[PDB]
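The chain that follows stands alone, in the form solved without its partner chain, written as structure tokens.
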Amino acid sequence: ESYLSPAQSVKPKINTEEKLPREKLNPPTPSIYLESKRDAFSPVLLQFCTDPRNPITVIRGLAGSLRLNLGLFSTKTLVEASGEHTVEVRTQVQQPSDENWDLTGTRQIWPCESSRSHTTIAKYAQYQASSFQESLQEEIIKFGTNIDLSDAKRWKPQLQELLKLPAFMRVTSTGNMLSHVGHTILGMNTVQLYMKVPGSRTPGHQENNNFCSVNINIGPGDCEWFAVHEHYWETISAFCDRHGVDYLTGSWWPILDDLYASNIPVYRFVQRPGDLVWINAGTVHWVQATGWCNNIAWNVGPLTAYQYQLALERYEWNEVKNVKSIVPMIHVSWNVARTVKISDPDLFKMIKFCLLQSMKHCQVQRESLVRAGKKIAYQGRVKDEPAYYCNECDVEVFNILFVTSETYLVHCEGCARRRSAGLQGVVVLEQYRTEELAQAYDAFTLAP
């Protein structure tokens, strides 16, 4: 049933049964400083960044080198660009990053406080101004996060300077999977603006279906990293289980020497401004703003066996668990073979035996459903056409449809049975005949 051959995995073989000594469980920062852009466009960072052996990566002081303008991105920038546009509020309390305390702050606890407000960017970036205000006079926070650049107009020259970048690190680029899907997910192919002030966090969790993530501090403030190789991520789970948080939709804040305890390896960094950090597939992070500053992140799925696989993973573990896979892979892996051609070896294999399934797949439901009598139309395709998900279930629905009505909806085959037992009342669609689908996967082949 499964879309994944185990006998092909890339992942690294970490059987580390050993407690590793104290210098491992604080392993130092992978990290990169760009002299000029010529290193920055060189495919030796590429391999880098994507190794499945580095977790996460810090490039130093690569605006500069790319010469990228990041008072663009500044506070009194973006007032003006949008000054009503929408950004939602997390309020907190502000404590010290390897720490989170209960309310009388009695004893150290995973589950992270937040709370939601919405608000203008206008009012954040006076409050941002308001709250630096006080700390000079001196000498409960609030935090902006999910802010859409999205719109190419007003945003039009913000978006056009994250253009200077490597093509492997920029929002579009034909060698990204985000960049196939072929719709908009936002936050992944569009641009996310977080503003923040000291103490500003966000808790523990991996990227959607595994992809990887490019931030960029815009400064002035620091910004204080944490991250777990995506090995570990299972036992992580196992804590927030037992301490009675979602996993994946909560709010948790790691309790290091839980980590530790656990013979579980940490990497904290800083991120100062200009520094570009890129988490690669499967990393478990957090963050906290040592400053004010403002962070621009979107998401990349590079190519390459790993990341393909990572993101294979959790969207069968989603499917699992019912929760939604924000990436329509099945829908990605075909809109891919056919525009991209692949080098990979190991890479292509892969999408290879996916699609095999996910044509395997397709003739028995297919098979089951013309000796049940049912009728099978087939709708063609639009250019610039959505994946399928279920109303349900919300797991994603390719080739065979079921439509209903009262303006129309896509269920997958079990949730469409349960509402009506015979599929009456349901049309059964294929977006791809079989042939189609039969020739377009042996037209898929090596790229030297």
The other form holds:
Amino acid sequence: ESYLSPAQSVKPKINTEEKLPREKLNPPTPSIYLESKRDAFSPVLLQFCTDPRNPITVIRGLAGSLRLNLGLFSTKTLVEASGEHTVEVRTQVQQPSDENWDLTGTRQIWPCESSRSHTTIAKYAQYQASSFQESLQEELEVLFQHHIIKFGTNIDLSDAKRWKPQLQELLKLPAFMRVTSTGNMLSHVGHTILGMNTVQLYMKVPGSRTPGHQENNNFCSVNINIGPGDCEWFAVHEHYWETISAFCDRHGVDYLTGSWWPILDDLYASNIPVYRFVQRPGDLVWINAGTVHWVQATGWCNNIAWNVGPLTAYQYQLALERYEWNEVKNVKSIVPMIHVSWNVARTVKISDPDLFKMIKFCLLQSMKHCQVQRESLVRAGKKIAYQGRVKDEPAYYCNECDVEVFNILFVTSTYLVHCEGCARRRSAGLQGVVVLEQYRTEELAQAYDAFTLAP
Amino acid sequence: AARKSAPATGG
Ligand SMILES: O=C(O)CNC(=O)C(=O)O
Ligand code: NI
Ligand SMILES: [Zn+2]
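Given the form solved without its partner chain above, produce the structure of the same protein in the form deposited with its partner chain bound.
In what comes next, the whole complex appears, and the chain from above leads the way.
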């Protein structure tokens, strides 16, 4: 009953059955330099970054190749743009890169301690600076003769007023890397998903860690290192994600919502190639769809990141797989995949045949599901009001199970929306439940038929 | 709010 057709998979075929030698267990990270500025706008670049075979890619010195004014993202520029703006903090324990230990260094462990708290930007800038000066002093002695760290994470540069010049700068990027782009699936959500279709800022000190994960719904990520320190990246191909999740299960940590730092020897032991690379100031990281990754600051630095949704079959297939898998696991999918697919088909011409067949299949199933739901409600005497979508109306979600609710909305009262199960199970016969329809069969049917492959 | 963030362990 999936929104996906297994026959249509464009996932690269990889055999783990054969033993793999060590050199391939440490693959080189695709690094790319940009002599011209139009290279960055070349299609071959986009073809490269989004190739399924290429889990992750570094674009070297792009912030100078287009003359991006990163300086603005400097901590100093930030503190005065707004210092009493606020910031999530992670309190962590500082460690060497490829390692994470119990309290004593007897053992390497998967669970990564990462406690939470809040400050302002100006406040964390104090800390980041003091921290640096301190490390300086302990070196201006030797000359003449557990570390607890705090990481400023997921800082929201969403307010396009306040952060005007900073955001304006990123317009200079090739379209597929931009925050907002007609060719960006995430631009077709119709509302703001903080950190995905808005920019997040990271203020790091050395040892500052972002633990193992895949992006929300397997969406591409674009990260720029502002400077002046470096970052170290580790990454695995989507293919191997369930094997990694299995480790999380054994070590008693939740794969999708838990804090975990992988044990590299485990992954080598399991025949899983790990990409290892350094990201220098002005280097852009492109994380392809579904790539497991984790990240350590080696110096003092800020990064900027957001999620992009290029219109490829791979990206799409993986967004849907994660969408369904999320709900199997009772985990909120923050990109409302069904509402997005309809928005896309109705607003964007698609020339790529494989991507076209995938969206078309999904819309079909969405229609059958709406059709089935309607009959049985009718069949059981339930009246369904018609509700219009208004302009810039968001997607909906079950107040209870967090699943996306599409087209047919169950409502109670100051009004709440539910999926059917959550409505029934809270009223046997749906008494005191209003039921709304947002798209009549014919609206969806016509939209569907209007949707054809562009040559 | 749908929003991207870091996993957590304390606080
Ligand atoms: O920059 C960091 O610390 C972690 N970032 C990511 O995992 C990302 O942008 O996808
Ligand atoms: Ni990430
Ligand atoms: Zn529900």
